[PDB]
Amino acid sequence: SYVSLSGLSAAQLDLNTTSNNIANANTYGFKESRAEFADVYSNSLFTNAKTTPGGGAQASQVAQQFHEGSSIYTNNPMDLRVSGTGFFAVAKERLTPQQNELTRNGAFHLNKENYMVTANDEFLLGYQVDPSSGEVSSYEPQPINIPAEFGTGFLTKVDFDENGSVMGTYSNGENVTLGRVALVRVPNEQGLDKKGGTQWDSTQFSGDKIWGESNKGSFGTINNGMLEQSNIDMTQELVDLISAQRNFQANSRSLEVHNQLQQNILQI
Amino acid sequence: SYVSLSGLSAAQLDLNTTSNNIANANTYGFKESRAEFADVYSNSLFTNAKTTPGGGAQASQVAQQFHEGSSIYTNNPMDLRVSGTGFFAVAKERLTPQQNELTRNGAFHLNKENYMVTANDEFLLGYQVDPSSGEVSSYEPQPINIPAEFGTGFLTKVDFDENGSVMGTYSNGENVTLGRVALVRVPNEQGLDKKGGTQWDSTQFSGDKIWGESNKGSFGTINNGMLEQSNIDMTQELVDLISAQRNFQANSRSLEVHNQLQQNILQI
Amino acid sequence: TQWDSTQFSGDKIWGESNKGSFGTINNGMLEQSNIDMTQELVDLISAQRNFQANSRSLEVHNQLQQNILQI
Amino acid sequence: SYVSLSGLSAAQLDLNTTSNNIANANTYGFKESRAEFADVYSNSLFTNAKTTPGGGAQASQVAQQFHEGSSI
Amino acid sequence: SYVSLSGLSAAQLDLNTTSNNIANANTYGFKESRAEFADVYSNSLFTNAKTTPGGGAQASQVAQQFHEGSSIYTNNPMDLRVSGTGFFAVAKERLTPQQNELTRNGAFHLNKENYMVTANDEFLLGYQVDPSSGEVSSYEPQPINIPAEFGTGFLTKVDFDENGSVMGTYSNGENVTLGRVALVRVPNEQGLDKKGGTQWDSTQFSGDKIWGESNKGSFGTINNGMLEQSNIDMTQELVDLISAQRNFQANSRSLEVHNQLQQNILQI
Amino acid sequence: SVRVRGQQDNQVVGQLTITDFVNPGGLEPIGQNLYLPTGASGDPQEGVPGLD
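Sequence order for the protein chains is Y, V, D, X, G and E.
Every position in the first sequence, counted from 1, becomes a number in the numbering used here once 6 is added.
Every position in the second sequence, counted from 1, becomes a number in the numbering used here once 6 is added.
Every position in the third sequence, counted from 1, becomes a number in the numbering used here once 5 is added.
Every position in the fourth sequence, counted from 1, becomes a number in the numbering used here once 1417 is added.
Every position in the fifth sequence, counted from 1, becomes a number in the numbering used here once 6 is added.
Every position in the sixth sequence, counted from 1, becomes a number in the numbering used here once 12 is added.
A hint or two may mislead.
Not the full set, but computed from the structure, chain Y residues with beta-carbon under 8 Å of chain X [to be verified]:
{"no.": "1", "residue": "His73"}
{"no.": "2", "residue": "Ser89"}
{"no.": "3", "residue": "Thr91"}
{"no.": "4", "residue": "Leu184"}
{"no.": "5", "residue": "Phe211"}
{"no.": "6", "residue": "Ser212"}
Partner residues are not named here, just some residues of chain V that face chain Y (Cβ under 7 Å, in silico) [claimed, not checked]:
{"no.": "7", "residue": "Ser10"}
{"no.": "8", "residue": "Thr53"}
{"no.": "9", "residue": "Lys56"}
{"no.": "10", "residue": "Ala256"}
{"no.": "11", "residue": "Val263"}
{"no.": "12", "residue": "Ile271"}
Label pairs and their in silico Cβ distance ranges [to be verified]:
{"no.": "13", "chain 1": "Y", "residue 1": "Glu99", "chain 2": "V", "residue 2": "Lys118", "range": "54 to 64 Å"}
{"no.": "14", "chain 1": "V", "residue 1": "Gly90", "chain 2": "X", "residue 2": "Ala1440", "range": "48 to 58 Å"}
{"no.": "15", "chain 1": "Y", "residue 1": "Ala69", "chain 2": "D", "residue 2": "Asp9", "range": "11 to 21 Å"}
Quick caveat, the hints were computed from the structure, so don't treat them as lab data.
Every residue, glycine too, gets a C-beta built ideally from N, C-alpha and C.
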């Protein structure tokens, strides 16, 4: 009965993983999960080795498949998307930018301080470039501020180039580079531990955060006016839902038979 | 079953947001909404970090997208529209103009007191300019009054220039500047709370009110004889209506498959 | 129908008419729109048959998810 | 369905640009606009591009064709 | 069920390939794609080599059919089309012209520095020819610059001959050859990896880029005032939409019979 | 093989080798989808996949 119960648990875990995927069919930046299973084989010194029935089916690991999701077009300059490999840097507290998390959705806006923040009132981090200089001067990430008045002149339009630099043109016709969004990548994306709100944090199995610019090195490009939807396929999840239901019923039938064996002996 | 029910709630929330936009396809000054969702991956000290599948989908922010709406032409000098960034200042009580709310529709007219009021008998606020002076003398917003007689001479026509100044010509041919409409702006329009009748009020997350003139600094211009329709797109809303239905049906299919699992074990 | 200088448009070059690369100025004449009515009407036709086809593709995908949803 | 919706949005933007040109058939000094579109191809480290289709169509830029107009 | 699932996966890919083709019906320089499928079959040493089904359908490769697309006439001298075989060389950064990509759409213009650039603000590469010399002197591609003042004389008209040379006449009546657009060819166009925005790059399977002039050797001609539309056929793609849907429904019917057959034994 | 940005050709990073057994049924399963060669399994024979 313990072999069948392990089979029931494995299938039920598969249903919950699929149900989690289907539930997030609209959440931006979602990365689907895939349930992985392993085998059980326990043998002793005093156990016969030729006949080795399995111990069931063990849950190996719930994966976090990180393939690129499709893009939805909003025509909003503050909505951003990473086309390629890389994550946005988001800090919960403005004062400390080291306590930051990685995210893939780019639904950003400005708060009362004109800091580029996410939907959760968390601050997006970027590199500090001088208005006259070119590439990043100081590589330490800081929150991105789009001043209302620079001069003077008042902020009118904000646009992002393929290099991630946020550029603000003002009423005096002075275009000033306010910085570029910092892009973060890890050697092992699947090793990241999952927080809430479609955000990840660096772990021991996910390597160290690699701070870099967009469209540089191994990093992808940054596109404004776009968002990343879930990377799930409705057709795949629904069929997977069918297969695990068939698998669950077969394992429960095995559990039913094993019980009727014990009932049969109990009537001798 | 809770993960599937979270998907149904998220899918139906997207329906309500879309249905609200479609219903308001004709209201003046309406700003469409976008329902944004986030993931739920909660954990504890005693839960495996390897074999837990997700908690569903969580609603984040039902935003209010503030892109400019299309303009209709009515050839009515009392109908106004803000071309650019800026809101109209509207006070419910004439005596107290500090208790005011922001609006985007300019369906204005004169009451029995010859005050420029909205459709809800709420007074429009403007700056007081001397008949001989130029710019605003006192920046305190006061209700706009167009006297029947000034001198005498009787009011004949009213027109608004790009600076928002209301000019009323009288029988004696005396052109007098009776004021200019006040324009209000906030750093974070997404943070504004929604009152009834396409009207907003300032919040702590939306910053403080910025009082200024039209076509000055970051403020847009004011056009008379025009009104703003809803900033929605019917084709986009009908497509999102379809996509939200499949996002609901799939979640109910996931909900259906889990009640059949429980029924299967209930018959052993 | 008015333009202003930007970063991508360079800086304004001030000069006289019929001097250097600048054109002449004619009084008593006005410039109409540079559109072609027949060209726009044909482009109207092409855009409608390119929106119908894309809506047809959107229908077949939807129909296919409904097919799986009834197994 | 997002690839199909990309085509719908691209086709609708072309229609809007054409409608803008027709509406300004009598405005003086108007310069016509032309909608330009591009492709979408997003691939990551973990996707096998050998057999993966496109992402739809995207807008390059709505242009501002500056050819000389007729004189009245 | 896995052979049935292979058919659903194969048919859905055919749907996505056709959907992407239809979506790019107006994008300039697009090359259509075709989905090619192969058989699956594997037999073990311990499996009967006669009485065993096959493994389903596996996608072979999504081709990139490079047949010439139709031409649209715009009467704009900066719009270029390659009639025949050849690609335009486009570099992202002006300083480094080695980092270049291939393209087919010819929507070019001049930036503030009067370099001939694409819509993505990327520099077209061309050969450097002396004003008095004839054929190309140095074969290394460089961004094409059209100086506003040459002498002096101011830029008046720019035209391109069948050789692709850019010729600028000036106020002093001096006809000067400013260079010719570089044309790039590959022995295997099918092996080119597809970047964003209808642009390709050289890979290991596509050989090495062959640099040459237009109307020379195997290269095609360069025509100004013309562009290339998509090379797709609306009638063919719409028919393929039906066939791929009929192929999908039959595979889901095959998948339904198997689920039904595991339920049948489950109730014995 | 992997692709490096700004560089053509596939930089080879390694070579995978698979092992075959005369009698795969003699392998001792130790769980986690892993097998250990036993006497009945036979001597493991290695090589490049697709060949030999």
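To see whether the hints hold, each was checked on the structure:
{"no.": "1", "hint": "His73", "in the structure": "holds (5 Å)"}
{"no.": "2", "hint": "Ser89", "in the structure": "holds (5 Å)"}
{"no.": "3", "hint": "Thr91", "in the structure": "holds (5 Å)"}
{"no.": "4", "hint": "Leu184", "in the structure": "violated (23 Å)"}
{"no.": "5", "hint": "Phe211", "in the structure": "violated (16 Å)"}
{"no.": "6", "hint": "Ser212", "in the structure": "violated (14 Å)"}
{"no.": "7", "hint": "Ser10", "in the structure": "holds (5 Å)"}
{"no.": "8", "hint": "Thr53", "in the structure": "violated (12 Å)"}
{"no.": "9", "hint": "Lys56", "in the structure": "holds (5 Å)"}
{"no.": "10", "hint": "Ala256", "in the structure": "holds (5 Å)"}
{"no.": "11", "hint": "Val263", "in the structure": "holds (5 Å)"}
{"no.": "12", "hint": "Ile271", "in the structure": "holds (6 Å)"}
{"no.": "13", "hint": "Y:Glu99 <-> V:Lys118: 54 to 64 Å", "in the structure": "holds (55 Å)"}
{"no.": "14", "hint": "V:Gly90 <-> X:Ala1440: 48 to 58 Å", "in the structure": "violated (21 Å)"}
{"no.": "15", "hint": "Y:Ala69 <-> D:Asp9: 11 to 21 Å", "in the structure": "violated (53 Å)"}
Figure legend: structure checked against the earlier numbered hints; hints not met, in rising order: 4, 5, 6, 8, 14 and 15.
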